[PDB]
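Have a look below at one chain only, the form deposited without the named molecule, in structure tokens format.
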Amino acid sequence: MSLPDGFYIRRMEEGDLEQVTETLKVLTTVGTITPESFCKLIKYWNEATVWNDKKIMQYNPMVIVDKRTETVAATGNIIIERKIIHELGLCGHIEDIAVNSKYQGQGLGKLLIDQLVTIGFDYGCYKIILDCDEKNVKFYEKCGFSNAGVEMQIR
């Protein structure tokens, strides 16, 4: 799908390895990943389906691309889960948001989230959640999100 000022958004592809690992670095440690592992990863992500006239993908890994040079400007994913509560409802989980360093401050982060949400709600999610740091509560509030709890973790 097309977006303004010459960027567009589409699902991630096997050939995105270099650029995606590069923009994900902004988020954390990505490590060594071989083209083969990646293709298997991408084929899993392209075949994993959520039992539901809709085809529902569990993983929806997006990259926003600068059409100018076909360079990945940002990536984000939304994972779909089917629960029992809410009449066997769907809950979306936005994960791994990263705006590439040379593309910061151009509004792409908010466009990416908007798209992930759109994707989640079209599938029928009764809600979409994500976790963030306090310093980013404001930003997600601008994307229409609300404070809803606390994130707990165990490594």
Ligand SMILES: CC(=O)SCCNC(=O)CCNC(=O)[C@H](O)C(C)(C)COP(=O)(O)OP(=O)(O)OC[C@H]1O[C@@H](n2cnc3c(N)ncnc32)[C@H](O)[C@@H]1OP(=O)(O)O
The other form holds:
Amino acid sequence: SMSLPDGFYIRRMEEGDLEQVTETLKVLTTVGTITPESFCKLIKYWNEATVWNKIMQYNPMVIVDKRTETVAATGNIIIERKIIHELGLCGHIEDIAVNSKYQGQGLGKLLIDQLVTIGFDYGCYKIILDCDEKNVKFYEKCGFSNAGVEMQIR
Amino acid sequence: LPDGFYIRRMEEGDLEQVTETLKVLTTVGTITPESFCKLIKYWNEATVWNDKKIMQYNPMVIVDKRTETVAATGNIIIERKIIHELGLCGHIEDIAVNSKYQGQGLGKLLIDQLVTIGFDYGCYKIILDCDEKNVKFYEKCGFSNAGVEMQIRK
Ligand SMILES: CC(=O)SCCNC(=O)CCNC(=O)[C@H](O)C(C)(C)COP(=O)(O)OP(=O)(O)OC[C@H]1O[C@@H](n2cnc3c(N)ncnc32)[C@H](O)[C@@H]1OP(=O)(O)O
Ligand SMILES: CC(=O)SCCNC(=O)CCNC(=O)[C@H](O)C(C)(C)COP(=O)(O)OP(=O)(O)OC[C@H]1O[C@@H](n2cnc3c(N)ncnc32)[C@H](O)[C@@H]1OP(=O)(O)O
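Write the structure block of the form deposited with the named molecule bound for the protein whose form deposited without the named molecule appears above.
Once more the chain from above appears, this time first in line as the rest of the complex follows.
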């Protein structure tokens, strides 16, 4: 859908990407066994959910290496409508993963820059994400700044 | 809940009092009643794919029964991911207790209720971002440090 430098392109995730997306996401978190039919239903949900305003709530993107037609990186930006900032739109970048054979050559930065473009084009006033301390420097190279602390419960 | 308070989902008539409550957190600005009614309709209809009826947005208010005044508000947004076997992640957002009602246990009660809503829906974790000043409050609510929040502004 959109070409990137050095033989890559970016496009929305599709139903046929399950295996390649699973392989890429391993570097982040365990995906586990997912049935093709369930994934098809997830993609349908991600391709229909819209934000009250067309704004897609979910924007699951894959960067594909043209040399082998393999998914090299994936990331998502989710759009949230809030009450604050006069019903503002806030973007949330999530599930960033560069396939282990494709790290250290600029793809992470290219992916984040693309997600940021998507969010600001929908009208988000800010885009946020959470990362471990060891990744802060990567996000600073992408134009982000420290905004707070991520807390969790399980 | 303690004597004299109750919790319920936010409603269209809550605009004026929710605007006042959220000012302790950030700038709300002016919102028209027509637009707020449309936002509450969006929040009362948007469901997450999974029957299990999962609302994407779960805006709650704690109300002082003496005068039916909103004393606190918070929301938990439910996200469907691919990782963790098409897992659900809860995102707590926009937590605010009016100044006059702070330090009486209402913030912890609100968080506890949002956490219950998220785990009852099947979330594998619930996360939130906060400024350093709020960390000890969230630790008293059972949360632990998970990472760093980063942001980029338009
Ligand atoms: C919102 C989240 O989802 S956070 C979770 C992110 N994901 C993960 O940690 C999974 C495992 N790691 C990865 O998938 C990748 O290595 C990523 C996403 C962290 C980074 O992507 P990469 O493609 O490897 O990095 P990329 O080559 O674009 O790096 C761009 C710049 O950041 C730097 N950089 C990359 N990672 C780091 C790091 N951890 N610490 C410091 N600097 C870094 C690079 O040196 C480069 O600097 P330069 O421009 O001066 O040469
Ligand atoms: C995801 C987010 O939206 S983060 C934004 C959070 N909101 C804001 O910062 C706006 C301004 N502040 C507020 O709205 C409120 O003061 C809140 C939400 C931070 C806290 O709510 P409150 O009702 O004041 O706190 P509550 O009385 O429930 O306190 C619960 C526990 O935490 C403790 N606590 C509260 N604030 C603090 C603090 N600043 N430092 C240390 N401990 C604290 C209390 O003493 C209490 O302890 P206990 O359970 O041992 O008795």
